[PDB]
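Based on the sequences and whatever the hints tell you, model everything.
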Amino acid sequence: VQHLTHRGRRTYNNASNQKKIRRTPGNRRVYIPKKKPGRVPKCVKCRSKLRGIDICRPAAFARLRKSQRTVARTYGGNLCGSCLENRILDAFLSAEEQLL
Amino acid sequence: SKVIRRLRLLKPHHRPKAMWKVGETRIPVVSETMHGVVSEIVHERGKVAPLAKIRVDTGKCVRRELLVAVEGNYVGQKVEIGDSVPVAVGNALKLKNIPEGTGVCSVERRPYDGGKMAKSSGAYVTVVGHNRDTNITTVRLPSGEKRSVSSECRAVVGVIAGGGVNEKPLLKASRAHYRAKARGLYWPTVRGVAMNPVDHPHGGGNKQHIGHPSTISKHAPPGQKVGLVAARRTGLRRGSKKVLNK
Amino acid sequence: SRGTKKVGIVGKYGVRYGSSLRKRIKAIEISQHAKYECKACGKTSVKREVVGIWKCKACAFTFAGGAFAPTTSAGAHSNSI
Amino acid sequence: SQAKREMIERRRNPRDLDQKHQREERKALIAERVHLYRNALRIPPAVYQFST
RNA sequence: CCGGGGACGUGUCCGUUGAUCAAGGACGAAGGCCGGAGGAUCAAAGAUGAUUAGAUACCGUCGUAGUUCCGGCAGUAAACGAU
RNA sequence: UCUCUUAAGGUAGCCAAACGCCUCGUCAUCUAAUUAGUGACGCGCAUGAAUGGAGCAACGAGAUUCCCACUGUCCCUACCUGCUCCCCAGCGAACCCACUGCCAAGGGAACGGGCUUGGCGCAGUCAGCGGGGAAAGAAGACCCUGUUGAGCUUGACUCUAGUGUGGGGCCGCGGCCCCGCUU
RNA sequence: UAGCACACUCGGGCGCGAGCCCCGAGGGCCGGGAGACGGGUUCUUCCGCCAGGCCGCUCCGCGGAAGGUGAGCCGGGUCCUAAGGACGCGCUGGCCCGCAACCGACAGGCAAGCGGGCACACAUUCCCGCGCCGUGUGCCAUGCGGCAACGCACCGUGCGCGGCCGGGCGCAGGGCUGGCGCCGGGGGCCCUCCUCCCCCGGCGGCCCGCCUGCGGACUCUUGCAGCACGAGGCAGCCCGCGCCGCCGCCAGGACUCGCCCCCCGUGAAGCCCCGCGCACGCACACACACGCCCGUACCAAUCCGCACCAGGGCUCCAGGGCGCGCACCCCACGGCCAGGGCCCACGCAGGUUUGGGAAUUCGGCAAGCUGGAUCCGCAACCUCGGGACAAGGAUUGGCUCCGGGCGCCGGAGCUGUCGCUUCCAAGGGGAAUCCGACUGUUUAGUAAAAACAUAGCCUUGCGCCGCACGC
RNA sequence: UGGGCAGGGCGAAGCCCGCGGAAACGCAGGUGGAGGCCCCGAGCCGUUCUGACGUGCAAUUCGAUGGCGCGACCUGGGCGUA
Ligand SMILES: [Mg+2]
Ligand SMILES: [Mg+2]
Ligand SMILES: [Mg+2]
Ligand SMILES: [Mg+2]
Ligand SMILES: [Mg+2]
Ligand SMILES: [Mg+2]
Ligand SMILES: [Mg+2]
Ligand SMILES: [Mg+2]
Ligand SMILES: [Mg+2]
Ligand SMILES: [Mg+2]
Ligand SMILES: [Mg+2]
Ligand SMILES: [Mg+2]
Ligand SMILES: [Mg+2]
Ligand SMILES: [Mg+2]
Ligand SMILES: [Mg+2]
Ligand SMILES: [Mg+2]
Ligand SMILES: [Mg+2]
Ligand SMILES: [Mg+2]
Ligand SMILES: [Mg+2]
Ligand SMILES: [Mg+2]
Ligand SMILES: [Mg+2]
Ligand SMILES: [Mg+2]
Ligand SMILES: [Mg+2]
Ligand SMILES: [Mg+2]
Ligand SMILES: [Mg+2]
Ligand SMILES: [Mg+2]
Ligand SMILES: [Mg+2]
Ligand SMILES: [Mg+2]
Ligand SMILES: [Mg+2]
Ligand SMILES: [Mg+2]
Ligand SMILES: [Mg+2]
Ligand SMILES: [Mg+2]
Ligand SMILES: [Mg+2]
Ligand SMILES: [Mg+2]
Ligand SMILES: [Mg+2]
Ligand SMILES: [Mg+2]
Ligand SMILES: [Mg+2]
Ligand SMILES: [Mg+2]
Ligand SMILES: [Mg+2]
Ligand SMILES: [Mg+2]
Ligand SMILES: [Mg+2]
Ligand SMILES: [Mg+2]
Ligand SMILES: [Mg+2]
Ligand SMILES: [Mg+2]
Ligand SMILES: [Mg+2]
Ligand SMILES: [Mg+2]
Ligand SMILES: [Mg+2]
Ligand SMILES: [Mg+2]
Ligand SMILES: [Zn+2]
Ligand SMILES: [Zn+2]
Numbered sequence: 001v002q003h004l005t006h007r008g009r010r011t012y013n014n015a016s017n018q019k020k021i022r023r024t025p026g027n028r029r030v031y032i033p034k035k036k037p038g039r040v041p042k043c044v045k046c047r048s049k050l051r052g053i054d055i056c057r058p059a060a061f062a063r064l065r066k067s068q069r070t071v072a073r074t075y076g077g078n079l080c081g082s083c084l085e086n087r088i089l090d091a092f093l094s095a096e097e098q099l100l
Numbered sequence: 001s002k003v004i005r006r007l008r009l010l011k012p013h014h015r016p017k018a019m020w021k022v023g024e025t026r027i028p029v030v031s032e033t034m035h036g037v038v039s040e041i042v043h044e045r046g047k048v049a050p051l052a053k054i055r056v057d058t059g060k061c062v063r064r065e066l067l068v069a070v071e072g073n074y075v076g077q078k079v080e081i082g083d084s085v086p087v088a089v090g091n092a093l094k095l096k097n098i099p100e101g102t103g104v105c106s107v108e109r110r111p112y113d114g115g116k117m118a119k120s121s122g123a124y125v126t127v128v129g130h131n132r133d134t135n136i137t138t139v140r141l142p143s144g145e146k147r148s149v150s151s152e153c154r155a156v157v158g159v160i161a162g163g164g165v166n167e168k169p170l171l172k173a174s175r176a177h178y179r180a181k182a183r184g185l186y187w188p189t190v191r192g193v194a195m196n197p198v199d200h201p202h203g204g205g206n207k208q209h210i211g212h213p214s215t216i217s218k219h220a221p222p223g224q225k226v227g228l229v230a231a232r233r234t235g236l237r238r239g240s241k242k243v244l245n246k
Numbered sequence: 001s002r003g004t005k006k007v008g009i010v011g012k013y014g015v016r017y018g019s020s021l022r023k024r025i026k027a028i029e030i031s032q033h034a035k036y037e038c039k040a041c042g043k044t045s046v047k048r049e050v051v052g053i054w055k056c057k058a059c060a061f062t063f064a065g066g067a068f069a070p071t072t073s074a075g076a077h078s079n080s081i
Numbered sequence: 001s002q003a004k005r006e007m008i009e010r011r012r013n014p015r016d017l018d019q020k021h022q023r024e025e026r027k028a029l030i031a032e033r034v035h036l037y038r039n040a041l042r043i044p045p046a047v048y049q050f051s052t
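Chains A, B, C and D, in that order, give the protein sequences.
Oh and the first sequence: position 42 is 42 in our numbering, straight run, nothing missing.
Oh and the second sequence: position 117 is 117 in our numbering, straight run, nothing missing.
Oh and the third sequence: position 74 is 74 in our numbering, straight run, nothing missing.
Oh and the fourth sequence: position 43 is 43 in our numbering, straight run, nothing missing.
Simulated from the structure, these hints should not be mistaken for lab results.
Take these hints with a grain of salt, some might be off.
[Claimed, not checked] Taking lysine-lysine and the DSBU-like style, the derived pairs with C-alpha atoms no more than 35 Å apart in a straight line are: (1) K47(C) <-> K45(A); (2) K168(B) <-> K43(C); (3) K181(B) <-> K11(B); (4) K21(B) <-> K60(B); (5) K35(A) <-> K21(B); (6) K17(B) <-> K42(A); (7) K42(A) <-> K35(C); (8) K60(B) <-> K45(A); (9) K49(A) <-> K39(C); (10) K4(D) <-> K146(B).
[As the list claims (entries may be wrong)] Some chain B residues flagged as far from chain C (calculated, every beta-carbon gap over 12 Å): (11) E32; (12) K96; (13) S151; (14) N166; (15) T189; (16) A194; (17) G223; (18) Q224; (19) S240; (20) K246.
Where is the CB? At the ideal position from N, CA and C, for every residue including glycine.
Structure (structure tokens):
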């Protein structure tokens, strides 16, 4: 097979030097730079996966539209809905018994 | 002869690195009672005893305090750090308001010091008595030493989490290896009797023996202070603490 | 299909380290690897994460406890007061 | 260290203000620490007669 | 505080569910053993001072294990009412 | 049983052991034959309890013996192949070098290539070869000497860092060396 | 003289000159191709040589003359910090030390470029096509849908609170790679035989999985399990992997999510950025404009070992067969091939030696035997885990079938000069003793050990420490 | 702060089922995939030949044999210790 070369680039196996194979038109394969995997957004309380928010590299994430980077409710990309609802119930119920 | 390894490890490039330390674990110095939430219980490199990240929220700011974790701490625990807070586990208060016979930990040695004594795994300090005149609390240290300390000193109620780590034998040399690499100890330790005379006072010849009494004086030169450095006695103990100390 | 008659969990150590050392570490390796009941959610899902930190993997309830057990005798006594 | 930075703040020791930009801050602190020491000593009549 | 127990009392229930035991299981004084804690008294071993023909013993003094507690092992007694 | 003596007199164990001089100890086993091996024995020159004693499950490129099997290890060598060698074209060093025909005996600084007296050989070439040149390596590392060292030790000599102690200096107030105080 | 090329062979060419230079053919052999460090022009073209290359040269990493290195996207700086440094100031008789601006990464964090052309050589830099990123100017709107999971208005600034990481067996996925079948181009070979040989072929739906709604109790996984703090199911939602709409089938695969395991090891920091909270005030799109410095050729004889030295030197990429296997061996790709003659002795390396079988020897040194797999059988001892592949035995090819749970397994028959792990690859075993427990470490260049380390055990000091389970 | 390291073997807990049991539990078959476990590949090293070489290829190399080979490892860079 056509052997792969890092075409004048560094050949180390770091997280920032990952490559992926492309088949070029001549039945020749090359390495092209595979970018880093984007971090998944997590709840700051319960650390489960947050839905709705796109999974991209922190630079490519910032290039997205503002609607793609967050959820429309309050504590949008911070809390999940179950942790947020608990936080609403906690602030309410602590206030109610504080009156009594 | 050459410098022995004991003096040679005293030089400050042999100390553990500061980047391994999560932070200084001090009891906060507070005017009024501080209400904190245990935000996270974290591990520090080398330290078997975990740390308690305490997050305190006021109207003005958020203070992030750090304490050694107490057995029974949990994330989300309301802790109170003050002078006369309740004496529940996890709170920190002055020793005068701590009843006698309750094991406390991270005891301050001077007032508002941040906590010095009983800071590693499983340690606790038993509050023995209060001299309410002269404001002096006598406490029992984890070494068995009965220590006087002023009642203004703070302490955290409970024992240090990280429990009975001494009960597990290191079965392998690797488990001692990764332990000492984390704590920054000098390991493995060559016996000085196995060394040459240029290396050690025990460094001997033709048979591995010390050759002179290994009980050295406490007034000895450094470089001579090798082996048993101020030994009151030697040999296997075989007795109570009372019969051997006097 | 027991596999071992007496050693159980310290059969991983083979014939090494001595019988009494394998016998001594057996009670601790049973202890440090076992699941325990969470006292915040009820489930037997508390596992050790690092020495001194015990976390329930179901409801994420993490607490500072003993080295190889969630509770020590000195730690239990201070909490029972 | 943060406890030591609070420690050198509680004591008001002018020898802690060792940098160059702290110079005007230091000599203000020297002026008040002298003044507290000057009047806590037993001032002799040769000096104290000028207070009257 | 939690748990247990037998006797009695009874127009309470069930209705033969019982007796005794190879195998098996549990408990099991003291001394002993293991790991941990503790250690005041007493005290094997050991050390002495005597006694004695001798004295490795009895007597005096000291003293370690041990005696104590916790987890386990062990599983023995003139474990006798020799039943 | 008696007696001398010590701080205490080697206990449990173990052994001609990697520790036993005698010593190839003695007995047994192993063998045709064993200064070896193993098992015993122990008045052990000079074994012995964390200067760790005893102990061998597992492990070992550790040390050792026996057995089976295996074999050119040997009896006892032989043959084959490649490469070298050998011969050539071209290229082309170094070691070493007082001077060098070879022996026998003698004398001699007590083991000569040269001397003495005998015995011989000499066209000075090619290849083998390791008897000799007391062959070449290297101002013997052993040993001794040096009023030459260095490493290292300590009960050497003279000092010394360190630890510790006493006295003094380190300009504060109060009260009874003691106790408060702070500046 | 020692020594120096001795897997090549044949023809042709240029040329004064040819074993070595070039071309063609044949026969073989093994790496080759990209980066770093290091080299520094060795690169490439033209010309040369009577010098250098362990021979010769018409050749050359040589000599001479030229040519060549083009970047918003690659690397570094204009960024960030790590361990750490620190020329200032304090402390000084001087240091140490304290604070520490500043610094510290060409493999960390980390904006954005690929396909092709051209070319003597060089280009992800030029060119062509299609993109993308950032900066600077202008030009402002002042919000909505869904019960919900959430969907969107391509909008900004400040503060606060937060936001990243380990290793491993396996399961699943998997950049890609291979095979087979079928189809399709393009090229070459064929006494017979043979369809031989070589090359090439964003967007919507669904699926996961989390969550939501309804509802209320079940439900997996290769694996522990899960579940009223809400199971399966249904309908959604989210965000990725994946698959179809705008050649199939099978196998392998770097890597990767999550489970699970491991730890007295718990697996960076900071800036940027992002999110929310609270405030401020406005500029994303769009349009226009712009994008600095440095590096950029080449180096399995270009480096370091005085050298074209059998040495050493960080990183990346292996197709087919065999087989458990990126073992060996054979092939492919790609790249290669550096005297002549004769073979005496003695060598070095390798085969084979009847009979004997350790008698050799300090000693089985060296050599040999055993060797894979399947099936059977397996002792004393033991820390009960081992010993253990103990010992020991049988079997093994080719072909034609049959059966199964079908990458494989079992059975039968036929067959060969009895032979089958047919080459390759691949334990000799047993009975004991000594020592060290073990794995590990060591005298680079005469010692790998019984020495060292080790865990364990123990003693000592310390409450002015990293805080006694500690040092 | 980065990187590197075949393929097999043995089969620890835990789990599932079957059988036995009055009970405690015990066998058996799978499952699972532990361990400074075993054989070994690249690689690393340096046991033996006291092999080759020993004015060498080499101021320590070569070959066979051997050991190690996910570690108490090896390794690039940065940094510290003179
Ligand atoms: Mg280049
Ligand atoms: Mg979205
Ligand atoms: Mg030595
Ligand atoms: Mg000395
Ligand atoms: Mg000595
Ligand atoms: Mg010794
Ligand atoms: Mg001395
Ligand atoms: Mg008892
Ligand atoms: Mg008892
Ligand atoms: Mg005890
Ligand atoms: Mg008494
Ligand atoms: Mg004796
Ligand atoms: Mg004999
Ligand atoms: Mg013999
Ligand atoms: Mg003793
Ligand atoms: Mg001895
Ligand atoms: Mg070893
Ligand atoms: Mg010639
Ligand atoms: Mg003569
Ligand atoms: Mg003559
Ligand atoms: Mg000759
Ligand atoms: Mg000679
Ligand atoms: Mg001399
Ligand atoms: Mg003299
Ligand atoms: Mg010649
Ligand atoms: Mg050749
Ligand atoms: Mg290259
Ligand atoms: Mg060229
Ligand atoms: Mg020439
Ligand atoms: Mg300057
Ligand atoms: Mg970078
Ligand atoms: Mg462009
Ligand atoms: Mg190129
Ligand atoms: Mg559901
Ligand atoms: Mg292959
Ligand atoms: Mg023969
Ligand atoms: Mg023999
Ligand atoms: Mg002989
Ligand atoms: Mg013989
Ligand atoms: Mg051999
Ligand atoms: Mg066998
Ligand atoms: Mg055996
Ligand atoms: Mg060893
Ligand atoms: Mg050596
Ligand atoms: Mg021991
Ligand atoms: Mg291993
Ligand atoms: Mg091996
Ligand atoms: Mg080495
Ligand atoms: Zn949440
Ligand atoms: Zn829970």
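A quick look at each hint next to the structure:
With a C-alpha separation of about 20 Å, the suggested pair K47(C) and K45(A) falls inside the 35 Å cut-off, and the hint holds. With a CA separation close to 27 Å, the supplied pair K168(B) and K43(C) stays within the 35 Å bound. Simply put, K181(B) and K11(B) have alpha-carbon atoms about 18 Å apart, close enough for the 35 Å limit, and the pair holds. For the suggested pair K21(B) and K60(B), the alpha carbons sit about 28 Å apart, so the restraint of at most 35 Å is met.
About 33 Å separates the Cα atoms of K35(A) and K21(B), which keeps this hinted pair within 35 Å; it holds. With a CA separation close to 32 Å, the supplied pair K17(B) and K42(A) stays within the 35 Å bound. Our distance criterion of 35 Å between C-alpha atoms is met by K42(A) and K35(C), whose separation comes to about 26 Å. About 23 Å separates the Cα atoms of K60(B) and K45(A), which keeps this hinted pair within 35 Å; it holds.
Taking the CA atoms of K49(A) and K39(C), the gap is about 25 Å. The hint holds against a cut of 35 Å. This hinted pair checks out: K4(D) and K146(B) have alpha carbons roughly 29 Å apart, not beyond 35 Å. For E32(B), the shortest C-beta to C-beta distance to chain C comes to about 26 Å, beyond the 12 Å cut-off, and the non-interface label holds. Separation of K96(B) from chain C is adequate, the least Cβ-Cβ distance of about 18 Å exceeding the 12 Å criterion.
The beta carbon of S151(B) is kept farther than 12 Å from every beta carbon of chain C, the shortest such distance being approximately 20 Å. With a closest Cβ-Cβ approach of about 9 Å to chain C, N166(B) is found to fall inside the 12 Å limit, against its non-interface label. Interface exclusion of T189(B) from chain C stands, the closest Cβ pair being 20 Å apart, more than 12 Å. No beta-carbon of chain C comes within 12 Å of the beta-carbon of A194(B); the shortest separation is about 24 Å.
Look at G223(B): its CB is around 37 Å from the nearest CB on chain C, clear of 12 Å, so calling it non-interface holds up. Look at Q224(B): its CB is around 37 Å from the nearest CB on chain C, clear of 12 Å, so calling it non-interface holds up. The claim that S240(B) lies off the interface holds: its Cβ sits roughly 22 Å from the closest Cβ of chain C, which is beyond the 12 Å cut-off. The claim that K246(B) lies off the interface holds: its Cβ sits roughly 29 Å from the closest Cβ of chain C, which is beyond the 12 Å cut-off.
Hint 14 from the list above is the single one not met by this structure.
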